[PDB]
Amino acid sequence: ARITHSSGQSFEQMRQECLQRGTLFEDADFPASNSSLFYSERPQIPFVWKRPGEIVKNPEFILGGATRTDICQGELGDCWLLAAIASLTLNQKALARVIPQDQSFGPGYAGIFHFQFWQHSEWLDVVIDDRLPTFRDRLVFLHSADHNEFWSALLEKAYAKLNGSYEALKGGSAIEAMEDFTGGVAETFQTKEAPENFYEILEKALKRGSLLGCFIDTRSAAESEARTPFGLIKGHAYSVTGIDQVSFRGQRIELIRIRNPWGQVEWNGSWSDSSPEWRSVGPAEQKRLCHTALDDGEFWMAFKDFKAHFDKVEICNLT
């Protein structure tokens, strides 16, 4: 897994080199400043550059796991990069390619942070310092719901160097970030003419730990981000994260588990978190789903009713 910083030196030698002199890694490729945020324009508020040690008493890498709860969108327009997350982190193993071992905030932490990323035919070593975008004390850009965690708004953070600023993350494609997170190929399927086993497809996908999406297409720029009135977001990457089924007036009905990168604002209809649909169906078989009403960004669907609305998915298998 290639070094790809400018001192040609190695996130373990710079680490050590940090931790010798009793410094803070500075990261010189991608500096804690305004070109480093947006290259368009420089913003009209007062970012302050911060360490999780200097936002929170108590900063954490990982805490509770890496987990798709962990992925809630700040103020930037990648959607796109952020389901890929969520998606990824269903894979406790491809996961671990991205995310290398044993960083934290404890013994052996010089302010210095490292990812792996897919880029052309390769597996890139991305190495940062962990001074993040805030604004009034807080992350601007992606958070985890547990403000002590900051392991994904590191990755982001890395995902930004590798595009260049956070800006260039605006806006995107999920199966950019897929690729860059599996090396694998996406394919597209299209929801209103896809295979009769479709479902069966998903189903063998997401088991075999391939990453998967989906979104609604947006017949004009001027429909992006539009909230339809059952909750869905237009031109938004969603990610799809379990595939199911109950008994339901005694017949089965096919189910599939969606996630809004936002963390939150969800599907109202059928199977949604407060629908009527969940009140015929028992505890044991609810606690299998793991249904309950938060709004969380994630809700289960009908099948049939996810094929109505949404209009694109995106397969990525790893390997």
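Residue numbers count along the first chain shown, from 1. Compared with the form deposited in another entry:
Of the listed residues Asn58, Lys93, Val185, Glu122, only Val185 lies at a hinge between rigid parts moving between these two forms; the rest are more than 12 positions from any hinge.
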The other form holds:
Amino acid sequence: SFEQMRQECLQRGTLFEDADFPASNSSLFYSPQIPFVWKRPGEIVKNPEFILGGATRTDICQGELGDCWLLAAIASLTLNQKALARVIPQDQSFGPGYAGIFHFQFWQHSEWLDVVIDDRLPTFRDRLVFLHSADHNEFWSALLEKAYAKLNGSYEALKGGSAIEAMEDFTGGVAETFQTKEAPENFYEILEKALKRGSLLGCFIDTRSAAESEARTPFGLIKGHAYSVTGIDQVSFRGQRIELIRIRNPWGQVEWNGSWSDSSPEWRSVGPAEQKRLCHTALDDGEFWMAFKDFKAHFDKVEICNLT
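Alongside the form deposited in one PDB entry that was just displayed, please also present the structure of the form deposited in another entry.
Just this one chain is shown here; partners and other molecules are left out.
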């Protein structure tokens, strides 16, 4: 129990050390390093605060693990302060009662799992190397990420993750899933409404075996790799109405190289405005358009995660 471990440590005058997820290299990687040392918040700042001026979007600043798609889920959690209070119990602080131990709750399949941690964090020049607040006295987000890394087995296990999967872990909800090649007749409008509503949308290509995991296709797509759906629209192309979809690769910047890709002749073909209407520019940002018909042929699954 968390309350019991805190009580034990407190009555013994010591700070908690998590034997299940210790302050060592195995908790960070399965291969690696850059000069870091593990420190508790009270040893890097003088008055460490757990939650400072609210738990909000300004407290979520990427560290050396990256601008993960997982960050988008934590961002959306702060917009649901009721859900945030389930993931992050408010019985906790660096004040009287502190004993170097925190806990977080993640929905797993039919249960909220309590995940317990010690507050030792990877550190550089007395400063957090991974997730951190813009307020360097504030530690909830740093600690949330450590707890999620633990559920997942390591910090390294976090890169490449789905924001959808994390949002499921954070709320107890379930994303709806659709098969692109067996999709409803109004699939376009369904996706359009979900986007307008503020839902998280993801798309994937199925692997037929472990062999296919992170396999790149000749069209510049990657199998068993999480992507995000960010736009859907229509254009006039050579006198026809073409449905388009906008996809973001959130882990690296490999892009689609077929029709409607960044440098493709479709973009040159289409009316002068319409290129600006759809806000298109050719950049190696991991983001791109495809024809919605090519989308359905090349991707296998869509996941829609409605935020209430």
